[PDB]
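So you can see what is in the structure, the chains are spelled out below.
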Amino acid sequence: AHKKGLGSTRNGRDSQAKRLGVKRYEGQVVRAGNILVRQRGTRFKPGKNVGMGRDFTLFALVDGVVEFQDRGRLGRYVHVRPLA
Amino acid sequence: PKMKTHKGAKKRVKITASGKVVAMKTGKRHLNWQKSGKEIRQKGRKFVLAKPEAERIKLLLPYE
Amino acid sequence: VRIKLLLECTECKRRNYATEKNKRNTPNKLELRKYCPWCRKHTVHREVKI
Amino acid sequence: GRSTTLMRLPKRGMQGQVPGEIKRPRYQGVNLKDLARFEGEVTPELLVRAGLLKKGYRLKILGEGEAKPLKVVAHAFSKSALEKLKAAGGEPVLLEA
RNA sequence: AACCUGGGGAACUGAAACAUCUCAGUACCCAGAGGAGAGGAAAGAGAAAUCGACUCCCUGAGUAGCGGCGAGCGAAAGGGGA
RNA sequence: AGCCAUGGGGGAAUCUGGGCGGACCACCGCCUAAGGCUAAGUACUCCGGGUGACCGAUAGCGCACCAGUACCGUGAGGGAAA
RNA sequence: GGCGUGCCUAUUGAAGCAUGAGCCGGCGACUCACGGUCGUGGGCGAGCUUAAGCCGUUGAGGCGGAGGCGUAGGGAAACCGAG
RNA sequence: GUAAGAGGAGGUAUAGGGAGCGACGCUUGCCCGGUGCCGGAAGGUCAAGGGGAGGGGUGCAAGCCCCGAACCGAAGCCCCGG
RNA sequence: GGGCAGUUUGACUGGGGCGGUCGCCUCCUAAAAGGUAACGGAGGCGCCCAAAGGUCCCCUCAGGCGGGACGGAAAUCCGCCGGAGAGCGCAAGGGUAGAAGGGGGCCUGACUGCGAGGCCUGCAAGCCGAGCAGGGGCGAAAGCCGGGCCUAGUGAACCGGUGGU
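Protein chains in written order, with the deposited numbering: chain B0, 2 to 85; chain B8, 2 to 65; chain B6, 5 to 54; chain BP, 54 to 150.
Just so you know, the hints here were simulated from the structure itself, not pulled from any lab data.
Some clues are possibly wrong.
Stated by the list, open to error - Partial list, computed: chain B6 residues near chain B8 (C-beta under 8 Å): (1) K8; (2) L10; (3) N20; (4) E24.
What the hints assert, rightly or not - Using 30 Å as the maximum straight-line C-alpha spacing, the simulated DSBU-like pairs for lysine-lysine come out as follows: (5) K108 (chain BP) / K8 (chain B8); (6) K26 (chain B8) / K53 (chain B6); (7) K29 (chain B8) / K38 (chain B6).
As the list claims (entries may be wrong) - Chain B8 is nowhere near these chain BP residues, computed Cβ spacing over 10 Å in every case: (8) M60; (9) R65; (10) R77; (11) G82; (12) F91; (13) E98; (14) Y110; (15) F130; (16) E136; (17) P145.
Note that the Cβ used here is the ideal one computed from N, Cα and C, for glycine as well.
My request is simple: use the sequences and hints to build the entire structure.
Written as structure tokens, this is what we have:
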């Protein structure tokens, strides 16, 4: 067989991925305190009774429904409007 | 003959009066300092389910 | 690390508590911060113990 | 390997010293809607011949029930079961005189 | 033949490891007594001014405690009876 | 960590003497230690008599029978067939 | 003449140049005790049932409530009490 | 050998046990830093013990019970040299 | 005190041993949700700030050329230009000047009793939070405050130390 000086490495380390994305979209009701956007930076700025927490994360604040927005010179918006 | 109720379980469990095994919150001792009061009172009472089958099945004899 | 260590704050006017940390290295003599105890409203709070 | 969920902490306060247990009076409660069923008088030694109580040292009236005048007979009595007893009934405390 | 009292008294095995704990104060070694053995009248029990040698059964009770609070081991009092 | 039991050392008293009621102290009870004997109720089956939703010569006791026989090993012991 | 890779165990997968078996007979392996537990067959029903024992029988049953289960839970505990 | 006692040995440092080498001829150099071993009446650390300044429970108190410093308590390891 | 007794003496793993490795966070492999293996690639965490925290008043950079005693590629100031290449402790990724960055004033919400309803997930644990209520800081107000721009800085239980009830 013969197997001279081989070796090893150092890269056997991969951080556990955490479930990251958006949870509730428009057309979907959310009733007060239901997270809907998991993000790192502000990929999705809040708005109309949308709420962000201590880690960039959008959640329900009204018992209503989501919808979207694109304000280039301001960012990307999410708005959870309920009913009258 | 007679089974044997579990000492440990008994002396650390709260199976409710409805076949529900619901114990106490775990993770409070050498902790506390750089931690939210949130974490303090949320390490109060607990819950749990599923393996509580085995818990009930172990309670037994005086049930409890 | 024990240099920043770990201490706690009690009220004057008999006992009371609240959970905190320190930093002896940094210009940290003693501390009389201002918090709330279990009883009544906000008051003093004195530094003590490990 | 892991503690078979034994990771759950204990809360059984005063779970045991060594001189056995403290000899205290254990009471016994009874729904006074069960009381509404029968009529006459309810002594300790009587109600255990019936189907409740069973040598339960002391009796505390409690539960829901109806405004029926009778001679309840016991030791202590629930404050909220004492409000159904105002509607009608007699109240004897601690027994012997 | 087996049971019975006392003196010596393990290990596997369990705790999926292994000492502490288990198995067990069991197997076996020794001593001796007898149709029984042993036990036996309270320096007890236990909380009530409550009972009244000893062995036996059931219940109390897998209760109360014991415990690297794990394995698991596991009382007497009271009660009904012999 | 009481109580019971005690191997070494110290070392009492006689009814205001004294053990215990689970550190220990007060009290209030409880029982009278450091001498001995006691049947029966319980256990056991070499033994005999009765019974069976027990086996029917590989099952059944190891052995239905000339079995603790042949024969195997020095030996303690093993253990047939029929 | 058409066709046709033994049986088992184990394998991703085997006829196997993997294993087990010469052949036939008989023996031979998921039980039981107590507790627990889901149901299910009935009787009773806010009630249910007795263990030891005692009596009777010669396969004859019967007394025997001591106890266990049930009517209430919450809390570590005191205690509160349909809260 | 738990022990009584046994061998040693009714032998006595030219005698008895243990180790390395292995006739005889030549010869056997440096290191006491780690360690083992020899000794060394100052000393550090440390045991039960001895001691009692000082604290507490409890009784009205007499008292009883527990906690316990100073400081004296070995072997030993450290220390010192060979 | 191995002289003798009973026991420990990890696992992975292109056969095992040596070497390396074990958990936490980032970026690929990861095939536009999630997620997705390897002794597959690339680096980081066991700490820091009582101000680097919390509110109110406020400013905006790195750089480019031109101009100047020391300075002079680059200490400093000035002119004009300059939409994030600066900074935001620490690795990278996300993000950010309509602030999270940088200066000052008062302070101390690294608050209590709770928590609707969601993330995530085998369990466990971890993540997020409106509002309620006590009272508290600042703010003219509107209002924010259950530490830090966010993801690493962490250890269920059994044992007990210490203050209290």
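Open item on the list: Let me make sure I understand: some of the numbered hints might not hold for this structure. Which ones are they, in numerical order?
Closed with: 1, 3, 8 and 9
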